[PDB]
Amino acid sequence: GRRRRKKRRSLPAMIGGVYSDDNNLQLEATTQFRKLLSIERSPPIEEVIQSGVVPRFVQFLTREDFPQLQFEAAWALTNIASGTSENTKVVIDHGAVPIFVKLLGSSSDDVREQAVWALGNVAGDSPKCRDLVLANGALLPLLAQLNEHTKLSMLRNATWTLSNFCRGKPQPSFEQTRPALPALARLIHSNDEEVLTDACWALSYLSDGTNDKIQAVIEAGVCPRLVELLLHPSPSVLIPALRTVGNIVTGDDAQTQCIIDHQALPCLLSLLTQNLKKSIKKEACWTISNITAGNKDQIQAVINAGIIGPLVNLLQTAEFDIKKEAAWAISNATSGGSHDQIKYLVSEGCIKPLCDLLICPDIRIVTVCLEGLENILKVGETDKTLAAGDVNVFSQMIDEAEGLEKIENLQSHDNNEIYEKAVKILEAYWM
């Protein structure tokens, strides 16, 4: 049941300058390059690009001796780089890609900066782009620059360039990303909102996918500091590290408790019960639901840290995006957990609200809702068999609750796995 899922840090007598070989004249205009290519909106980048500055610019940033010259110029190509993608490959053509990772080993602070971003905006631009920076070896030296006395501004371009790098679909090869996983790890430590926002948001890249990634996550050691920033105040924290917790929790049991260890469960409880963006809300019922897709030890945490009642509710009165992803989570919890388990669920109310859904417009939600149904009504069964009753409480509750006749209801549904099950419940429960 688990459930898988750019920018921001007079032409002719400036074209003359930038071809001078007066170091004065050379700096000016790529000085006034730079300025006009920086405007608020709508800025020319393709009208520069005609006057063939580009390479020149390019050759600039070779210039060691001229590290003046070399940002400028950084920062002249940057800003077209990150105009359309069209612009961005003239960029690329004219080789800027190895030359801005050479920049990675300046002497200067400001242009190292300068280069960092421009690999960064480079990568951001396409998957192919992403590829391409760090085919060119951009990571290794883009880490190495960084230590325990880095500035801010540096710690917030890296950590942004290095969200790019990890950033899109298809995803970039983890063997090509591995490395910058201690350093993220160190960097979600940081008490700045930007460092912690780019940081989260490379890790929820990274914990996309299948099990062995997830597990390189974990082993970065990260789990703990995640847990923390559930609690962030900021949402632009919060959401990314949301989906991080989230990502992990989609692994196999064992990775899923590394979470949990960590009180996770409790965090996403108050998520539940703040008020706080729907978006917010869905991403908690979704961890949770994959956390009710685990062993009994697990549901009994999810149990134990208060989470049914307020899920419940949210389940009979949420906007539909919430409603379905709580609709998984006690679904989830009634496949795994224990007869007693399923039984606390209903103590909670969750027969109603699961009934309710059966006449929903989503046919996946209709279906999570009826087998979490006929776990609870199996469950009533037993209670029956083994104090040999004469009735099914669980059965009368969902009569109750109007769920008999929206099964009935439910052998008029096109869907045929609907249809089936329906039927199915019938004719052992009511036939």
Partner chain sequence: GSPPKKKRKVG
Given for the second form:
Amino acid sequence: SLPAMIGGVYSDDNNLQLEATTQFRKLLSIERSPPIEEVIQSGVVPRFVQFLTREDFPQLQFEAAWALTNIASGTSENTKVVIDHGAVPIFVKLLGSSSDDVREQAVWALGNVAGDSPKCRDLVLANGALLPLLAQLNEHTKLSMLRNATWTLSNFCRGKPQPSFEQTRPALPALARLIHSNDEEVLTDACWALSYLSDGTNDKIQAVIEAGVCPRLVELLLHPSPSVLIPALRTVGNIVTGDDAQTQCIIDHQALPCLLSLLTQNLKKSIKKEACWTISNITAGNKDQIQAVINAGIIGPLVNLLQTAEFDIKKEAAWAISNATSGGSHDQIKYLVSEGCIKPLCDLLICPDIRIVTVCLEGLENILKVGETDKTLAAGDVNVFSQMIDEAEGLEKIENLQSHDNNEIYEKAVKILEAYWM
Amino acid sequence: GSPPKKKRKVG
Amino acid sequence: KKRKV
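Write the structure block of the form deposited with the partner chain bound for the protein whose form solved without the partner chain appears above.
Entire complex below, previous chain first.
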């Protein structure tokens, strides 16, 4: 069987070559546990790569590409064999083939190679795969190729360390168009790609925004499929980690009402968590952006999550409320208190995550400052917010933080107690 | 639930 | 306050 197949691929008879290659492909295409190792050891990889260059024989190119694709679907060591035999530049050249089946297969093969690791991704990019890949995406491209190409594109953008932004940037205009697909697989992969490109310094974010994607990304927050929502949400989140003007591009398209709906629908915890995280980077902004959060009606639901949600969600909500107390106006802070934020901030003063304890203490100190200002302006007897913290059992928790191993926490607690309770 | 890094063609 | 990732 295998000896006959090897003989077929190593013959110079067109039909034996095709027959034997096709047999190898079927072998590598079985339901599970394809014998990739055994095919590699048989020594046929170099011949398959030679077959890639037979432009007189598209069917053979296709079968060989399919087989090479499935070998590169295996382990890194499997993939290395394909690389060592020079397949990458040849696949890149096949992106220009007149055969649609061959082109699509080449796109898939390069996706598998780039998916192996950041080094393999970078090798594919360095062999000039990106432009040819984009080159044959147009108004007439069929769905199968659109899906394959979008998936491969996301592989070209994926991974840490991240690919050079100059090498992935040409992808942005195509991705900006692809997120307008209604196909869920295209949307999924295009959004993941944008999630990778938007994760980093603010210049990257700026390039993403300039590609025009904000309006559509926001629409996608309302997509019924979590497979689309998740990466769309991640990309929106990434964008609002940028500066105030960058963050404003998201707010301007009614993102905040969409985000609120993610908090109040019955959605996965991971989704609510990232919605909160996105919101916290908005409340990390200016007073107008904090006001936009308030106006959308987010605070009530957010406070409720801070009080009652799973811990991963509470952590993000804590940052969101605390950021707002830090950047917000006197009057804005008073509104957060009226929505009931004091008690759940106090409850978290005993949580095991010291970063969260610190965030909540900071929030409470900002609230206390507002309460003290209110007292002073009227020449009143009491800081009303200090009494509310006492009633919420926050004061005793802050007292006990004087015993904390962490200096930051310790110094802050003492400072807070000395300023507001003597 | 990230997209696969590699895909084997079975069909 | 801005947190990447």
